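Now for the letters of each chain:
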Amino acid sequence: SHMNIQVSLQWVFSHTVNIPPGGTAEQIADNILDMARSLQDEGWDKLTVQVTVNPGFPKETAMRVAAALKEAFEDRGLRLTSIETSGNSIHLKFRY
Amino acid sequence: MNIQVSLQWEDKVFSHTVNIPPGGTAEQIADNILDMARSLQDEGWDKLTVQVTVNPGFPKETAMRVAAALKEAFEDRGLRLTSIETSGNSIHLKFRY
Numbered sequence: 002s003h004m005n006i007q008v009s010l011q012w020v021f022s023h024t025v026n027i028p029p030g031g032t033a034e035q036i037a038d039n040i041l042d043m044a045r046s047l048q049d050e051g052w053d054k055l056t057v058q059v060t061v062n063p064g065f066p067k068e069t070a071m072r073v074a075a076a077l078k079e080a081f082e083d084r085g086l087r088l089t090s091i092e093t094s095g096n097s098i099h100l101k102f103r104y
Numbered sequence: 004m005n006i007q008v009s010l011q012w013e014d019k020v021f022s023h024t025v026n027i028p029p030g031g032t033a034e035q036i037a038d039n040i041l042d043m044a045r046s047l048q049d050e051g052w053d054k055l056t057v058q059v060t061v062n063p064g065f066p067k068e069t070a071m072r073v074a075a076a077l078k079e080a081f082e083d084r085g086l087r088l089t090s091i092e093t094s095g096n097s098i099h100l101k102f103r104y
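Quick note, the sequences are listed as chains A and B, same order.
For the first sequence, the positions run 2 to 12, 20 to 104 when the deposited numbering is used.
For the second sequence, the positions run 4 to 14, 19 to 104 when the deposited numbering is used.
Possibly wrong hints are sitting among the right ones.
What the hints assert, rightly or not - The list that follows gives simulated cross-link-like pairs (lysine to any residue, SDA-like), each with its CA atoms no further than 25 Å apart:
no., chain 1, residue 1, chain 2, residue 2
1, A, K67, B, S90
2, A, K54, A, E68
3, B, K78, A, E68
4, A, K78, B, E68
5, A, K101, B, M71
6, B, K54, A, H99
7, A, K54, B, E92
8, A, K78, A, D42
9, A, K54, B, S90
10, A, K78, B, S90
Stated by the list, open to error - Interface residues of chain B toward chain A, partial, derived using beta-carbon atoms under 7 Å:
no., residue
11, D14
12, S90
13, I91
14, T93
15, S94
16, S97
In case anyone wonders, no lab produced these hints; they're calculated from the structure.
Using N, Cα and C, we set each Cβ at its ideal position, and we do this for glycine too.
Chain A with its partners taken away, still in its complex shape:
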């Protein structure tokens, strides 16, 4: 293991949370959208979900984790607008 997942919600307001290890990509995505629904009503295009997989190695394992998170968030309406694999981590950006 030794691979952390970090999610930051931006809507100017920014909320970053370290994901506890053990959950699945669907459980992580469901928990994040529930936190975003705490600031409900107004908040869709302005909402930016950024996920970070630390560290970025092994690249094959970290890319699979990023792909699974991409599957969960895009099945929930969000769209992957950015992906960067530099800086000892993989950084994803989702928007509604």
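Got chain A; can you put chain B on it based on the hints?
Same frame as chain A, now just chain B:
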């Protein structure tokens, strides 16, 4: 279709953005950035990054094909894609020299 290519070198941090004329192949674009990066490699510059930007992203069929053409042109010359971003009606690609 507007294309911008940026070249960034670090030691502290420098960058230079140029605009590509409409009548240019993806080969001449990549060969031109290689020549600008080879001179910086001869000098004392470490991390070399290349960013490509396709400003009109209205037709994703030709915007991605322009991006996919430039991607293969830089990868066939030793550059590694490290970032893809589609925001602000533009498509940004960042490479590592």
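Now the hints, each set against the structure:
Between A:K67 and B:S90 the alpha-carbon distance is near 15 Å, which keeps this suggested pair within the 25 Å criterion. Between the alpha carbons of A:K54 and A:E68 the distance comes to roughly 32 Å, so the proposed pair goes past 25 Å and is violated. In summary, the hint linking B:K78 to A:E68 is supported, as the alpha carbons are separated by about 21 Å, within the 25 Å threshold. Taking the CA atoms of A:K78 and B:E68, the gap is about 22 Å. The hint holds against a cut of 25 Å.
Our distance criterion of 25 Å between C-alpha atoms is met by A:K101 and B:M71, whose separation comes to about 19 Å. Between B:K54 and A:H99 the CA atoms are separated by roughly 20 Å; this keeps the pair inside 25 Å, and the hint holds. Taken as a hint, the A:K54 and B:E92 pair is honoured in the structure, with Cα atoms around 17 Å apart against an allowance of 25 Å. Note on A:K78 and A:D42: the hinted pairing holds, with a Cα-Cα distance of about 17 Å set against a maximum of 25 Å.
Taken as a hint, the A:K54 and B:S90 pair is honoured in the structure, with Cα atoms around 22 Å apart against an allowance of 25 Å. The straight-line distance between the Cα atoms of A:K78 and B:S90 is roughly 15 Å, inside the 25 Å bound, and the hint therefore holds. Given the 7 Å rule on beta carbons, the hint for B:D14 is violated: about 18 Å separates it from the nearest Cβ of chain A. The interface hint given for B:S90 is met, as the beta carbon of that residue sits about 4 Å from the closest beta carbon of chain A, less than 7 Å.
For B:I91, the shortest C-beta to C-beta distance to chain A is roughly 6 Å, which falls under 7 Å, so the interface hint holds. Hint on B:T93 holds. Least Cβ distance to chain A is approximately 5 Å, under the 7 Å limit. The interface hint given for B:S94 holds, since its Cβ lies 5 Å from the closest Cβ of chain A, which is under the 7 Å cut-off. Taking 7 Å as the C-beta cut-off, the interface hint given for B:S97 is violated, the closest approach to chain A being about 11 Å.
This entry does not satisfy hints 2, 11, 16, going by the numbered hints stated previously.
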